[PDB]
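What follows is one chain in structure tokens, specifically the form deposited without the named molecule.
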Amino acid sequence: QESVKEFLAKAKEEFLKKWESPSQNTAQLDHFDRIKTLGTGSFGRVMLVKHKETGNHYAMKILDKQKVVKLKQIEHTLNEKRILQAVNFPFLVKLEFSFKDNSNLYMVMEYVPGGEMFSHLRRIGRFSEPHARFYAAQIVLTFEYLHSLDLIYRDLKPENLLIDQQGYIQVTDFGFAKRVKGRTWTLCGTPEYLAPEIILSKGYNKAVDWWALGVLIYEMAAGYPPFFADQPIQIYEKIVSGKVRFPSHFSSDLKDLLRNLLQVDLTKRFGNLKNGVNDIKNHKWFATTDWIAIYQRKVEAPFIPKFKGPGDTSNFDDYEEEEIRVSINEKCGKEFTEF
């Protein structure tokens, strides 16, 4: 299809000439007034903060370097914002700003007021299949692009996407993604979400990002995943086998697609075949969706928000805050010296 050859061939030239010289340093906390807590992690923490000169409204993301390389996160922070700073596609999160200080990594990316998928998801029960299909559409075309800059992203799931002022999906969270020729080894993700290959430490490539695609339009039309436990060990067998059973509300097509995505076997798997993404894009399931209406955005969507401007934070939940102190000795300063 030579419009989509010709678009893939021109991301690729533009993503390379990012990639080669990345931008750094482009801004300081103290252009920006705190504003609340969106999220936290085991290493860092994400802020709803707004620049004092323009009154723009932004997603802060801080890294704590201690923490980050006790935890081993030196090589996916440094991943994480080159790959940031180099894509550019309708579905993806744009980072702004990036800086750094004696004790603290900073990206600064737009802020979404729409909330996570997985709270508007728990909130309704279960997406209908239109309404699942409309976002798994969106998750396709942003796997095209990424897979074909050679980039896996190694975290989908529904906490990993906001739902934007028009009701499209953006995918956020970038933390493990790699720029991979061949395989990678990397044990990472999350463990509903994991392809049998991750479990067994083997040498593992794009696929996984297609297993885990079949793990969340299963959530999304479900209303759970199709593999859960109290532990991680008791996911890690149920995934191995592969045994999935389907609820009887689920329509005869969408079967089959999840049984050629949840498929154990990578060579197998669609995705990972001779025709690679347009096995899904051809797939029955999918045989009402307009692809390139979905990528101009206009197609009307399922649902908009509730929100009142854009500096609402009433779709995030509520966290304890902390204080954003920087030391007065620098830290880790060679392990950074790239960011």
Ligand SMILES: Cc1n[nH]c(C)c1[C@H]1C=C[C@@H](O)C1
Second form
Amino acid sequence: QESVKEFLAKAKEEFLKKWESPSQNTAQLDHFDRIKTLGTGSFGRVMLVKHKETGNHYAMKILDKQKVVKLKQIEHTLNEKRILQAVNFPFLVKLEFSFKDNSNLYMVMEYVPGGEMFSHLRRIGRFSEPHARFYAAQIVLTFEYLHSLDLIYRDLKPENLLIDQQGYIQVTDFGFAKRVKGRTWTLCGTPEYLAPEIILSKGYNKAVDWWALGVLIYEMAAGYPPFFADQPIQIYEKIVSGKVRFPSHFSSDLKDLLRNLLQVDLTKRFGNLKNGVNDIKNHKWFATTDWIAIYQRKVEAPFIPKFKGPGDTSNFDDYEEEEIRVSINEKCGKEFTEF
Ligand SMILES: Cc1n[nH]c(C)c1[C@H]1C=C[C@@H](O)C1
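Having seen the form deposited without the named molecule, could you now give me the structure of the form solved in complex with the named molecule?
Okay, now the whole complex, with that chain kicking things off.
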């Protein structure tokens, strides 16, 4: 429909203007008070902070430059910030400020207090098909937007979907996102969600995001992922076999959609055929979905997370609290000139 085509044409114009002239150096560390560590990882962490003049809360991602270099993540870190400052969509967490100092890189994002989808799924066991479908529809629209900008996301998993104050999804962590016009080759992502062409070290494309959507829909509706096993090597053997067993409680329409997303041959996989995303939006499993109402946030959500206010951390867990130290000498200045 021409309305969708004109929406995506404007979205790409606005993205390219910011892509070609990125914002830089829009806050500094002593403009914020540190409150609590919300998550940790290999080269960085995310902290709840409060802005000292406005009182607004944010989620500040802190990356150690020396560790980014040692773990060979320089290009990935530069991709994450340049993409986040250029995108704009209802189901993506927004970047509000970025800056660097002698030791670290900082991305100051909006704080989403309802928790990871992963925590809520594991609490309740599994989601009903209507509940899974509401979240899946938001990921379909988000991938339609990103892929039209020539972006591949490459980190879909339940931990990266946050539930907001209206019960809608916001996608976080763009550390593996990349602008790709043809093929790309890096090994990255979490094992249970990798497409066969990544495990086999091929040149791959946006079809890996549609495979990961099949894994996510299966895990939401069953309570566990389709290729589960105790060690990565055994997970990878199941994935490239592609043999999938479905619970008897799944509907016939759900099984049919998942066989077409979890297709081992990327040239036959839904999302990657001549009709693109419309083979997914027009599938019988989505017949009750009002795509415009979801985009406009007019559908009542399946549940609203319990929290007391914009500063409540109850839906996140507890981590050892470490210093944010800044060296008196500059580190790795050349590598991060463009940040
Ligand atoms: C919550 C939140 N709001 N915005 C961001 C970037 C977050 C991260 C903090 C811990 C991770 O689970 C997600």
